[PDB]
Amino acid sequence: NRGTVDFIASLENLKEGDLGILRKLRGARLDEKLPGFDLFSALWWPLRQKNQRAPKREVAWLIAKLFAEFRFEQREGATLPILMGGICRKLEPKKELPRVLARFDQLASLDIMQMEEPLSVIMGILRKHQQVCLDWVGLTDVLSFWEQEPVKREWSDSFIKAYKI
Amino acid sequence: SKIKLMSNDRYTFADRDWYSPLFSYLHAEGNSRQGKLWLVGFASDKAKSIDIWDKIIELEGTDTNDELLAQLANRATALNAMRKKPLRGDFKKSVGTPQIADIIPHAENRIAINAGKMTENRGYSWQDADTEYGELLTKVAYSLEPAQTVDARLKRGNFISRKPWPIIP
Amino acid sequence: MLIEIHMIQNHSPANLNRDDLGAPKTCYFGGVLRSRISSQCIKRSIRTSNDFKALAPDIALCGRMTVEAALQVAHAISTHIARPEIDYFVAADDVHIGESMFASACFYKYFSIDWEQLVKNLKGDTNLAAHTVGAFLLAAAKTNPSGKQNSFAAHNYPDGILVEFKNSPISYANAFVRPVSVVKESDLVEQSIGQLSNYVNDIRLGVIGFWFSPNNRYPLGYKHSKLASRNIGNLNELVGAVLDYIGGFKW
Amino acid sequence: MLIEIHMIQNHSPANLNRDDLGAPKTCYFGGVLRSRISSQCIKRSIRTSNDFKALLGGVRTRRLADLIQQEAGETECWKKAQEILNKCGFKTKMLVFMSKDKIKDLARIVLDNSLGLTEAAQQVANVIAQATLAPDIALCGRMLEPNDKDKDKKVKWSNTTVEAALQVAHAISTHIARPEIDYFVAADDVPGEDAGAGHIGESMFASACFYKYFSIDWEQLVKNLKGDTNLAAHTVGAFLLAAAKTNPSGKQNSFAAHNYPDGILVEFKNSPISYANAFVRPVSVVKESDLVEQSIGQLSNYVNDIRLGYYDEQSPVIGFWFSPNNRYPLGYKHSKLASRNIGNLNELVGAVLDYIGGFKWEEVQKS
Amino acid sequence: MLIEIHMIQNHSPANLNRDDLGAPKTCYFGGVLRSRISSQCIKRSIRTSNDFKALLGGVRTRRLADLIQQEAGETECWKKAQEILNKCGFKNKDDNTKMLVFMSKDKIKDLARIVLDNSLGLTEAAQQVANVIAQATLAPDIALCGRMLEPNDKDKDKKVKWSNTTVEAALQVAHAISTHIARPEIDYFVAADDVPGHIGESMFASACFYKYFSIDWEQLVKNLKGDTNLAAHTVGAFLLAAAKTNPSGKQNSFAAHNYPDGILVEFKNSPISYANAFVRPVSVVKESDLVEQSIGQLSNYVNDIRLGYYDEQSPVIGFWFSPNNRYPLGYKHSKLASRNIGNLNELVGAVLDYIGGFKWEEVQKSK
Amino acid sequence: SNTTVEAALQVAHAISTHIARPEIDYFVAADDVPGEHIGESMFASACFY
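Residue numbers (UniProt numbering), protein chains in the order written: chain A, 2 to 166; chain B, 354 to 522; chain C, 1 to 54, 138 to 148, 166 to 195, 204 to 314, 322 to 366; chain D, 1 to 91, 97 to 372; chain E, 1 to 197, 204 to 373; chain F, 163 to 198, 204 to 216.
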C-alpha cells in the first residue's frame, strides 16, 4: 500500500545523527522530547497530508524506533514469521524450542503501546543468527490492523508453514 | 438391542445399533444371500420399554470376513473409547470431551447409508467411514481451542486426527 | 395481533443449563457451534418465580394439560462461537483432581404473545390481559435460570430489548449467521446490537417498534436513523408505551 | 432482604490459584482472555481465616474414625468406628461435613455403648443428619448422599440437605490477561564437577485487577441457624471483615501479594444484580490515570446506568461506598451515587449492622 | 506478632538478575513494564552473607557422598554411601543424581558413623540415615526459609519408612519491582586481540526498587525449639544482611553497591504490602528526583492505609530510618512513624527492645 | 583441570553527574584538484564519576 513504502524509503534515507537521535529516544513517548517530535513530524506529516491511508502515529513511531535500533535491509518476502520459524528448526526440541515459542507467541496479548520490548528481543534473536534482511512494509501493515483475528491467524499460519518445511 | 436414553460410563448414545446382530446372523442362520434384510430391534429393561426401530439393508451375498465382521459387531465400545478420551491428561472417572457425543449421532446417521457395502466390504471400509468425522471434528476444534497462536493450531491439528479404533474381543 | 419481544443479554462465566454429561448445552448455526439455553428452562424460570406472582391468570399465558397457551418461547442462541472451558478442582480435608465445565456467551432471546388468544382465555377481560402482559415483561426482564448460581453468581441484566407488532411471526436469527468478531474500538454487545440494526435497516427497504436500553446506553442504529419508532431508557416507560399501543391502558 | 458486596482489588505479581499444569487460571469474557480466581478458593480462604475462627464450628473430613478415637483416653475405638461408618454407607471414603462438638460427644457415647451394630449405625446416622448448627454450614450449605449399593438395608436416612445462604462468583480481571514465565536454576553449596548446562525450571505468574461479587440472603441465614438472630449479625460482620482482609495462600512464601482492596460497595436490595457487564470492554491504560481509577470509573458509569434504568419507586435501594481515607471516589465528576460514603472499615461494618437491625458489634460478639 | 520491613533502594546501571537469554528480568504491573529481581536471589544473597555467617549451619546439596567421605578421611566409603543414599529414596531418574538434600551441617558426623557400621546391613543403614536426615532441622536458615523433601517410591527399598520432613517457613519475601517504567538498554562490546597479525550485545538496566519482607516471630521461635535468644539474633542478623547485602551477578563489570535510602519497620498482627502505592508509575519532574517522589507516594499510601484499615483496637507501631535523616517521610503528615532513626544500629536496638527486650551483645553471644 | 581465577578488581561504568547533550558535527572532505557528501559525526562533553 502506498504511504508505507514511501515512509520506509524516507526512513532508509536517514543518516547517522538522526538514527542516534531516535536511538536515544527508545522506550520513550513522542511528546516528552522535542527533537524527536520535530524529526518525526518532518518525516511523517506530508505523507499524512497526501495519503489518507497512511500509518497512524503510534505504529510509525514504534517502527521508526525499531529501525533506528536494528537497521535491517528492506526486502519483500522476508517477514518475521518466516525467518522466525526457519530459525526455530535448529534448536533442541525439548528445552530451547518452547522457550523461543513462548516469546514469539506472547505478542498476541499486547497492544501497540506494549510491543516494543518483545519485538526487541525477537529482533535480537534474529540478529544473533546473522540475519540482514526484513520486510518493514509488511510488518507495518500487520501492526496497523493487529486487532483483527484473521491477521493473527495468517501470522501463525505463515509461521507454521515456514517451520514445517 | 442396546439403546438407552442416557450416556453412562459404559455407553454412548449414537443411533440405532444395526451392526450388533450381524456376526451371529451371517455365520449361524441366514448366511450370505442376495436380497433385502429387514431388522427389527426393541430395547427393554426388566418391565420398562425404551424404544423400537427398524431398518432395511441391501445385501448381495459376497462371502464374509470373520475379523472384520467381528469388529463391525463391536463398535459401541470403540465409540465409547473415542468419547472417553480427555482433552488433555489422564483423570480417573472422567467423562471426556462431551462435545464429541453431540456430533457422533450425525456421523453415525451419515455412515449408516452405506450399510450394505460396509457389511460386505465391497467398496466401503472402516477407514472410508472414518472420513465422515473430519469436518465435524474440525468444527469442534475451533470451539475447543479458540486462540490465534501456534500452540492452539498444533493442538487443533492433533485433535483433528481422532477416530475410533476397531477392537475385536 | 401478535407482540414480539427480542432481547440481547450478556452473561458472566457460568453454567445455567447442562446435559447428562455435565457440559453446557450447544447447537449448530452458521457453520459453527454456539451456546444454547433451552426454551423449557427460560420457561419455568419466568414461571414459578416469586416476582411473577403479581378467570385464573398464569394459565392463559402458559397453559397446562386444550388450554392453547398464548405464550411462545424459542431457544436462546449465541451471537458468536461457543468457547467451553474446564475448571480443575480438588477437595481438602482440614485434618484426586476433578473437572467441571463452564462457559460465557451473549444470547439472543425471542418471545411471542398472541393478544387475541390471551383475551379469549380470560373470557373477554381486557385489563387483566394487559396487566398480565406487563407482569410477564417485568418478570422476563429480571429473571435468570437457577443453575449453578451458588458457584457462578451470574445475575446480569439485558442490555437491549425490542418490541414489535408485525403481522406475521419472524425471528432475526439470520442477523447472526456470521459470528461476531471483537475489535478494539468496540465490544461484543455493541457489535451484536449493530448487527441487529443492520437487519432491520434492510427488509423494510427491500410496522412499528419500541427500543429499550438502560439509560440509552446502546442506541439502535449507529446513526441518526429512524429504524426505531421510540427509544426509551426506562423499563416502566417501555411497559407504559406498550400498554398504550395495546389500546390505551394505564400501568 | 439481600446484602450485595462488590470489591475492586489490585494484586501484585503472584500465583494464588493454579490449575493441574501449574498455571494461573483463566477464562473468556467479552471475547477476550481474563485472569480468574475460583469461588471455592475464596470461600476456603475466608472460612479458615483469623477473623472467622470465632464462628468456625464445622469440619469437612473423611477421617471421622480418627476424630472419634481422639475422644477417648485409652479405649480402643478405631476398628469398630470404621465398621459402624461402613454400615452407615460411607464406603475411597466419602467426605462428611458437620459440627465438631456433636460428632465428638455423640459418636463417643453411642459408639462405646454395648449395642447392636445396626442400631448404633442408625443412631450415628440420625446424629449426623441432625448436626447442622454452624455458621459455615449455613453459609456454604451441605449435600450428603449415602451409597445405597454397599449400605445396610435395615438403616434409613433422613433429610440431610441445607440450602446455602451465600453466593460467590468467580473473580475476573477488568483487563486482558498477561501471563508471564520466570526461569529458575537451583544452586549447589559444595563446589565440584557440577551438572551440565543446568536444569532450567519454569514458574508461571501473573498480575491483574480483579472484581469480586458476594451475595448474602438474610432470611435464609436466619432460618438455617433457627430463631437465633444475634449470631446471624455476628456471622455477617465477621464475613465482611474476613473478606475485606484475607487473601488466598498460594505461592505466598515467594509472592507476598498481601494487597488490600481499594474500593468496596455494599448495597441492600431485594433481587440480585451483578455489575460484571461493566467490564465487557477491557480497560486500557493511557498516559493519564491508573488501572484502579479507570476500573472504578467504569463501575460507577455502569451503576449509574443501571440505577437510571431498571428503577421502581416502590422499592428503592441504598448502599455505602468505602475507599481508604476517601482516596477513590465513585462519582468522580458530579454524581452522588452512594448515600453514606465511609472512610473506615469498622464504621462500614457498624453501618451495615445498624441497617440490618438494632445491632452493635460489641453486643453481638458473644454468640 | 509479625515484623514487616519495607525498603526503597536505587541502583546504578547493572544486571543483577538475568533470564536464559541474558536479559534483565521484567514484569507487568499496573499495565506497565517494570524491572524485577527474583525473591530466590535475595534470599540466597542474605543467606550467603558476612552478616549471616554466625547464624548458619544448613547445607543444601546433591553431593552428600562427598561430605560423608571427607568427614572420615581415609575409608574410601564413596560407593557404599552412594548405594545407601540410593536405597534411601533419592530419585535417580534420567541418570541424574538430584533431589537436593537440605539439613543441618552438624549431623554429617552421625551419617558417617552410621554408614561405617559393619554390624548393620544396607536396609537398616538406609532407615537410620533417613531417620537422621528427617530430624535435622535446627538451623536458623532452615527455620527461616523452610524445607520440603519428597523421596520417590520407585527406587527406594520397600522396607523404608519416612517420617515428617516438612518445616513451615517463617519468612516471606516478595519479588522486587520498580516504581517507574523499565528502560532496558543494549551495550555493544568487542573482544580485542593483543597480537596484531565481531560485535556482540549485552543487556543492562537501572531502576529504583521497592522490597518487602515479612517475619513471623511465633513460628521462628517454635522452629528453634523455643530458643528466644537465637531467634532475636537471627532477626538482627537478617535485618543487617537485608540492609547491607546485594546480589552478586555481573558485579565485576557493574559495581552497583548502593545502600537503601529508606527503611520502614512495622509490627502488626496481619501482613500488609504497600506495592499498590506504585500502580501509577513515577514520572520524574524537573524540580525533584526519583527517590523523593517514590517516598512521597509511599507516605501517601501509608497514611491512607493507616487511616482506612489499620485503625482498630489493636495499635500499630513502626519506625522510619533514612541515612542521617536525609529523606524524611510525608511532609503533610509528620506523624506516620512513631520514631525516626538516623542510624541502623539504633534501629536494630529499638526492634530488639520492642520484641521482648534484648541486648545486642547478649544475643550475639548465643552462637 | 581447573582454569578459573576469581577476579580481585571490581570496576563500574563511568556515568555523568548531569544531563547529557549529544552534538552533531557536519564535515565535508575537500579535493586538491579543481573540477566539476555532507558528512555527519557525533560528539559530547561530560563530567564523570
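Just so you know, these hints were derived from the structure itself, not from any lab. Built from N, CA and C at the ideal position, the CB exists for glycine as well. Careful, some of the hints might be misleading.
As the list claims (entries may be wrong) - Label-pair restraints from in silico Cβ distances: (1) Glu420(B) to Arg62(D): 41 to 51 Å; (2) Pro321(E) to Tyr337(D): 51 to 61 Å; (3) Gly362(C) to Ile323(D): 31 to 41 Å; (4) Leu21(E) to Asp20(D): 24 to 34 Å; (5) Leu31(A) to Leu21(E): 21 to 31 Å; (6) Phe189(C) to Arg154(A): 50 to 60 Å; (7) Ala192(D) to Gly487(B): 28 to 38 Å; (8) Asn235(D) to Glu352(C): 21 to 31 Å; (9) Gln319(D) to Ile113(A): 46 to 56 Å; (10) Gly232(C) to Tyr337(D): 50 to 60 Å; (11) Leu31(A) to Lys338(D): 58 to 68 Å.
Verification of the hints:
1. Between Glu420(B) and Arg62(D) the beta carbons are some 48 Å apart, a value that agrees with the proposed interval 41 to 51 Å.
2. Look at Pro321(E) against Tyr337(D): about 34 Å separates their beta carbons, and that is not inside 51 to 61 Å.
3. Taken as a hint, the range 31 to 41 Å holds for the pair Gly362(C) and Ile323(D), whose Cβ atoms sit roughly 38 Å apart.
4. Taking the beta carbon of each, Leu21(E) and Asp20(D) are about 28 Å apart, inside 24 to 34 Å as hinted.
5. Here the CB-CB span from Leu31(A) to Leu21(E) is close to 29 Å, well matched to the stated 21 to 31 Å.
6. For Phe189(C) paired with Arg154(A), a C-beta distance near 33 Å fails the hint of 50 to 60 Å.
7. For the hinted restraint 28 to 38 Å between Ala192(D) and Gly487(B), the CB-CB distance of approximately 51 Å leaves it violated.
8. Between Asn235(D) and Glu352(C) the Cβ separation comes to about 44 Å, which falls outside the hinted range of 21 to 31 Å.
9. A hinted range of 46 to 56 Å holds for the C-beta pair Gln319(D) and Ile113(A), which are about 50 Å apart.
10. Separated by about 56 Å at the C-beta atoms, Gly232(C) and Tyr337(D) satisfy the suggested range of 50 to 60 Å.
11. For the pair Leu31(A) and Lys338(D), the supplied restraint of 58 to 68 Å is violated, since their beta-carbon distance comes to about 29 Å.
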